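Undergrad: In case you want the letters, here they are:
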Amino acid sequence: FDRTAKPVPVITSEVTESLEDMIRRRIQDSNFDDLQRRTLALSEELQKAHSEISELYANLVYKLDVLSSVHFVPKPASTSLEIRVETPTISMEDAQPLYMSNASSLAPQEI
Amino acid sequence: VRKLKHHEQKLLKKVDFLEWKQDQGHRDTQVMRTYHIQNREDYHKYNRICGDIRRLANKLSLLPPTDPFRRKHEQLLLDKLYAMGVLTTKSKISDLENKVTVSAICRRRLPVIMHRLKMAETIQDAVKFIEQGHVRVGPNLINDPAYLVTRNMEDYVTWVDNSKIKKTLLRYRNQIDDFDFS
Amino acid sequence: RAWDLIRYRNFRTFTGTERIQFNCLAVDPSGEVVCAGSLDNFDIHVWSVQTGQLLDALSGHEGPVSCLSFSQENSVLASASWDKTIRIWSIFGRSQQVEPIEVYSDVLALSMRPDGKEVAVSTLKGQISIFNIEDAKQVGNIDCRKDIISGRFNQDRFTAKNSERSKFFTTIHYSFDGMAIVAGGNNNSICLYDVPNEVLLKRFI
Amino acid sequence: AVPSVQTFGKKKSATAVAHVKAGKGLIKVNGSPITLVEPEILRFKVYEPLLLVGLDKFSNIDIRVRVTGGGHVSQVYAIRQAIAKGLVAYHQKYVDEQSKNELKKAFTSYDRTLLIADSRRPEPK
Amino acid sequence: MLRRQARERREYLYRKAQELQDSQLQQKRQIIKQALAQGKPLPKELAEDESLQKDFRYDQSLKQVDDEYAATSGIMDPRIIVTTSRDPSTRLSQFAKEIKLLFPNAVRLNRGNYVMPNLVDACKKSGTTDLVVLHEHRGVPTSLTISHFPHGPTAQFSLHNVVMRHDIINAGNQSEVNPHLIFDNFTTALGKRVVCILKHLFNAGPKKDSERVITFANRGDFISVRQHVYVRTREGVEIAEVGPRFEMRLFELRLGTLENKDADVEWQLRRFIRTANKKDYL
Amino acid sequence: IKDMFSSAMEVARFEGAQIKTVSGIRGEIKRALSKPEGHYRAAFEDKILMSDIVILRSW
Numbered sequence: 001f002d003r004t005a006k007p008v009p010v011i012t013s014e015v016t017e018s019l020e021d022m023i024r025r026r027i028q029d030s031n032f033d034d035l036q037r038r039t040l041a042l043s044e045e046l047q048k049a050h051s052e053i054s055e056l057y058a059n060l061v062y063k064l065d066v067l068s069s070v071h072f073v074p075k076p077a078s079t080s081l082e083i084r085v086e087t088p089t090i091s092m093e094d095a096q097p098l099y100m101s102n103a104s105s106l107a108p109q110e111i
Numbered sequence: 001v002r003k004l005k006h007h008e009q010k011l012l013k014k015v016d017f018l019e020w021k022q023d024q025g026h027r028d029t030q031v032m033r034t035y036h037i038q039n040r041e042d043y044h045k046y047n048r049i050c051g052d053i054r055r056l057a058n059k060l061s062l063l064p065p066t067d068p069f070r071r072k073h074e075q076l077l078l079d080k081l082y083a084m085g086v087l088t089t090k091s092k093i094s095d096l097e098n099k100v101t102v103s104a105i106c107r108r109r110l111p112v113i114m115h116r117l118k119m120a121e122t123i124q125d126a127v128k129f130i131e132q133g134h135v136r137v138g139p140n141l142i143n144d145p146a147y148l149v150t151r152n153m154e155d156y157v158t159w160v161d162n163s164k165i166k167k168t169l170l171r172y173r174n175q176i177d178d179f180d181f182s
Numbered sequence: 001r002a003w004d005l006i007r008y009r010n011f012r013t014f015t016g017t018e019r020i021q022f023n024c025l026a027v028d029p030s031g032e033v034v035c036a037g038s039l040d041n042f043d044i045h046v047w048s049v050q051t052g053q054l055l056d057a058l059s060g061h062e063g064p065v066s067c068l069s070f071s072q073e074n075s076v077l078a079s080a081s082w083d084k085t086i087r088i089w090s091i092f093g094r095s096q097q098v099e100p101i102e103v104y105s106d107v108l109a110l111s112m113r114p115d116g117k118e119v120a121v122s123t124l125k126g127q128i129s130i131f132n133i134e135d136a137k138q139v140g141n142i143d144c145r146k147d148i149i150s151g152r153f154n155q156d157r158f159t160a161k162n163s164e165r166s167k168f169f170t171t172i173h174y175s176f177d178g179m180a181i182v183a184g185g186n187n188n189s190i191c192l193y194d195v196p197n198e199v200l201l202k203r204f205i
Numbered sequence: 001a002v003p004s005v006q007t008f009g010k011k012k013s014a015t016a017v018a019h020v021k022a023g024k025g026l027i028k029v030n031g032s033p034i035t036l037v038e039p040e041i042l043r044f045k046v047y048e049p050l051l052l053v054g055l056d057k058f059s060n061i062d063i064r065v066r067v068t069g070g071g072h073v074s075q076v077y078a079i080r081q082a083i084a085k086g087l088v089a090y091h092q093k094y095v096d097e098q099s100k101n102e103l104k105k106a107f108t109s110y111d112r113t114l115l116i117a118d119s120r121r122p123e124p125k
Numbered sequence: 001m002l003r004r005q006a007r008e009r010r011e012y013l014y015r016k017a018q019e020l021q022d023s024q025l026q027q028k029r030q031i032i033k034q035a036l037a038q039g040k041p042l043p044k045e046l047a048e049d050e051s052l053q054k055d056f057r058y059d060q061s062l063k064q065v066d067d068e069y070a071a072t073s074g075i076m077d078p079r080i081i082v083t084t085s086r087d088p089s090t091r092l093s094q095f096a097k098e099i100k101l102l103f104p105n106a107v108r109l110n111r112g113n114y115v116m117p118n119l120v121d122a123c124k125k126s127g128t129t130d131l132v133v134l135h136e137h138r139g140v141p142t143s144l145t146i147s148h149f150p151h152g153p154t155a156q157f158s159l160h161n162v163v164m165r166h167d168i169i170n171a172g173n174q175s176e177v178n179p180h181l182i183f184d185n186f187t188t189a190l191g192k193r194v195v196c197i198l199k200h201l202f203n204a205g206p207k208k209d210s211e212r213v214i215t216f217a218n219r220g221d222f223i224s225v226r227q228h229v230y231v232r233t234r235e236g237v238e239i240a241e242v243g244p245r246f247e248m249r250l251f252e253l254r255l256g257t258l259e260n261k262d263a264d265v266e267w268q269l270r271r272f273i274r275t276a277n278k279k280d281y282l
Numbered sequence: 001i002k003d004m005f006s007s008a009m010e011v012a013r014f015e016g017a018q019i020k021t022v023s024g025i026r027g028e029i030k031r032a033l034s035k036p037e038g039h040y041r042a043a044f045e046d047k048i049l050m051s052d053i054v055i056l057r058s059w
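Chains as they are written, first to last, in the numbering used here: chain R, 1 to 111; chain G, 1 to 182; chain E, 1 to 205; chain H, 1 to 125; chain C, 1 to 282; chain S, 1 to 59.
Treat the hints as calculated values from the structure; they're not laboratory data. Every residue gets a Cβ at the ideal spot worked out from N, C-alpha and C, and that includes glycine. Some hints here could point you the wrong way.
If you want a taste of the chain G side facing chain H, the calculated C-beta under 10 Å gives, among others [to be verified]:
(1) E8
(2) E97
(3) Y156
(4) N174
(5) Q175
(6) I176
(7) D177
(8) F179
Taking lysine-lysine and the DSBU-like style, the derived pairs with C-alpha atoms no more than 30 Å apart in a straight line are [what the hints assert, rightly or not]:
(9) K63(R) to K35(S)
(10) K6(R) to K35(S)
(11) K118(G) to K124(C)
(12) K146(E) to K164(G)
(13) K261(C) to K199(C)
(14) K137(E) to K57(H)
(15) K117(E) to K164(G)
(16) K93(H) to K137(E)
(17) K6(R) to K2(S)
(18) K54(C) to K48(R)
(19) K100(C) to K90(G)
(20) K30(S) to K6(R)
(21) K167(G) to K10(H)
(22) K90(G) to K63(R)
(23) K99(G) to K63(R)
(24) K84(E) to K45(H)
(25) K90(G) to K75(R)
(26) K16(C) to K99(G)
(27) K167(G) to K63(R)
(28) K100(H) to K167(G)
(29) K261(C) to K125(H)
Here chain R stands alone, though its shape is the one from the complex:
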């Protein structure tokens, strides 16, 4: 007659010796699958193109967020360096005849 399905394969020791000798080949060569983690001027005319076009985009974001009733979807990434200057930190606050902080802005560890 005629069948209709290759049945359940019988696990002989011959199958496993074909299988565990595969695993030794992929461990010892260390080529195996795994779910790797996801990490994380130029020209005088081109920079002036870049500087115009970011001044226009920040004008656009101010308009579009006002349409959207401020509910703003944040920017994905942001990496920046900044430079702080040691001042006696009455001089970082607004013009007013008092103060709350007397020491310098740079920490003693940071100097």
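Following the hints, put chains G, E, H, C and S in place on chain R, whose structure we already have.
TA: Chains G, E, H, C and S in isolation, oriented as in the chain R frame:
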């Protein structure tokens, strides 16, 4: 004016009082009807923004293609213009000049969204329910018909609670509960 | 963002994973943990103060987190959803257990007594309820829909009596005595409810 | 017309549709008086919204309650829920407000399950 | 949440069905880029388009895991639930614990008088990556489904040759550390679906010298999975087996969760077909 | 399906066999039913009738 004759015609080949090239096909009226927007200057208050999308699209097209600014910068923008929901898909970068239309931004209006979510029957009738004060976004009810609604914020429009129009809905399913005083 | 008041500077700028808005905030009294809540995500993000990583994304709300606040006594925190449920969290020390307390409508702007044993809520029906923490039950509730003055705007089409704009309270803060609540919303009026006697004291336009 | 108020009551899979209208003081469950509820031990589990607040406040009202679904017990938790909700939502509508906050503070101190459905939604650990 | 979780599915479909009509435009923009790079001739229907010509000036700046797993892929660890069918036999209630041990971040919640809606719907709420439910015949476990929760796919697996770990000996207890994986003999595009739907059940980025490795081997259309530990001798690697032996076979693949029962069927094992026994991954 | 095979052992010599019907639907015969001696469970591709006559081709 008169359905002027054939010899009147050739001298007045160009005059027309209703339709001008300045007037630009009356596109501004033609989409004010389809979305039922209240004040006239509302169109060109969008069409200044919807033009300003394309002017930023154009100069960002004039940068060279393998520039990690330019590749970063419109995909930065299509994130926002899809979150706000003016454009259907995020894939094409040339939706940003071709699919950004006023009728795209004029259907994230609140009364259109109340007609999309099948709240009111028609689109004029949704303006009738907003102006009377039956609809709300989260805590506070909204009263300007022309409230833009973010695709994220599009989840949260409901009928305002204890209203006479959210009471009638619950009577149809025979599921009122006056401990809520619905 | 964290800030210093001795030096006027950020310590660290805590951020999420997928860049979410943050409405509200809760700080561990022993200043180790800063929790924040959204409208976009409805997951309570949790940052450590030292390491700017997020320790954990506390989740389990339907609808956004309105407010978040910590006990100053035993440092359990309690969230305030818009799925009409206060959910009180216990996040310190091998417990990680959760207790939801259902309320009637959307809650917003929670606040906790300095006892650390009661939680005062402001729902959207107007009514302010006062729950216990060690039990899930409530002590009592005080009714705030009537004694709220509401304005009719200029562009309105409804009477000021039957608009549902402003008859709830978008904030509450217990007094440090633990005996009085001051509430204030998008309305014209501020209130001073007494907590045991359950009656307002004076209403401020 | 006729002043009525409809409230629901829900335990495991049992609903309870309690119409409350101004009347003479009869209280029916499925076209049968409330003194004939089935489990006969839990009959005082449905006399709780009668006897907590005081039986005087039922002198002018009708309580027509009809229930489906549930079992023997989990219907008795539905008729005690919809009578408490149907009483405390008639005093905010057609009787005085200060009655309602007296009731809602009475059912609360006794058992809060009378008012809001204790939904035992799952938890994964 | 319930309305939000529904409407992101609707937009994910319209973002997917847009790509099928824009796959044709995706193909033609390869031709424009190459002919601009190297090669003069340019085909007829792409010649007469002025639409696609102006369209290309923006389109020149454009550029793999599955689309459901794409947002999380390496960033967030999965948290998974192994749960059992209904009133389980005490053999399979052991066997759900070997599935709870074979993955990391796996908790075992005994199921009884839960419905599949309120166990799904109370899991999207609490937030889990996916759901592992088992079935059995007379103690021998037979079936197994993995179903990614935020409207993600599901994969009903039939598993034939099982050897539970509690049968063997009191040899000890498993390593439970993050495993390396081994995927063998996955060539088909449907085979890559089963890769990317199984792989994300493990915590991302295993160490280079973690000691237990979980092989998923596909000889003869039966995905055969074994659990191994290894140490490396002076010459060869020497391994030994702990944990379950499976044969396994997927037989239907919905695009919804296992709740849904009317979602779109990506793949379905046809048994009753003239060429059923012929092909592989069919 | 009844009275095609005499014993429950006779079915076991024939399981996995591509059974077809008059109506034209296919299937396989899978397990020998025990408590009567002859019958067996068989999964078709669609709902077989009562009025229908299964035939297993053989040589």
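Undergrad: Run every hint past the structure and note whether it holds.
TA: Verification of the supplied hints:
{"no.": "1", "hint": "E8", "result": "violated (70 Å)"}
{"no.": "2", "hint": "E97", "result": "violated (48 Å)"}
{"no.": "3", "hint": "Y156", "result": "violated (22 Å)"}
{"no.": "4", "hint": "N174", "result": "holds (8 Å)"}
{"no.": "5", "hint": "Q175", "result": "holds (8 Å)"}
{"no.": "6", "hint": "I176", "result": "holds (5 Å)"}
{"no.": "7", "hint": "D177", "result": "holds (5 Å)"}
{"no.": "8", "hint": "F179", "result": "holds (4 Å)"}
{"no.": "9", "hint": "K63(R) to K35(S)", "result": "violated (79 Å)"}
{"no.": "10", "hint": "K6(R) to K35(S)", "result": "holds (28 Å)"}
{"no.": "11", "hint": "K118(G) to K124(C)", "result": "holds (26 Å)"}
{"no.": "12", "hint": "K146(E) to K164(G)", "result": "holds (19 Å)"}
{"no.": "13", "hint": "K261(C) to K199(C)", "result": "holds (24 Å)"}
{"no.": "14", "hint": "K137(E) to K57(H)", "result": "holds (26 Å)"}
{"no.": "15", "hint": "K117(E) to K164(G)", "result": "violated (40 Å)"}
{"no.": "16", "hint": "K93(H) to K137(E)", "result": "holds (26 Å)"}
{"no.": "17", "hint": "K6(R) to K2(S)", "result": "holds (26 Å)"}
{"no.": "18", "hint": "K54(C) to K48(R)", "result": "holds (25 Å)"}
{"no.": "19", "hint": "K100(C) to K90(G)", "result": "violated (39 Å)"}
{"no.": "20", "hint": "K30(S) to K6(R)", "result": "holds (13 Å)"}
{"no.": "21", "hint": "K167(G) to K10(H)", "result": "holds (20 Å)"}
{"no.": "22", "hint": "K90(G) to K63(R)", "result": "holds (21 Å)"}
{"no.": "23", "hint": "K99(G) to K63(R)", "result": "holds (19 Å)"}
{"no.": "24", "hint": "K84(E) to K45(H)", "result": "holds (27 Å)"}
{"no.": "25", "hint": "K90(G) to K75(R)", "result": "holds (16 Å)"}
{"no.": "26", "hint": "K16(C) to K99(G)", "result": "holds (18 Å)"}
{"no.": "27", "hint": "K167(G) to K63(R)", "result": "violated (39 Å)"}
{"no.": "28", "hint": "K100(H) to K167(G)", "result": "holds (21 Å)"}
{"no.": "29", "hint": "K261(C) to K125(H)", "result": "holds (26 Å)"}
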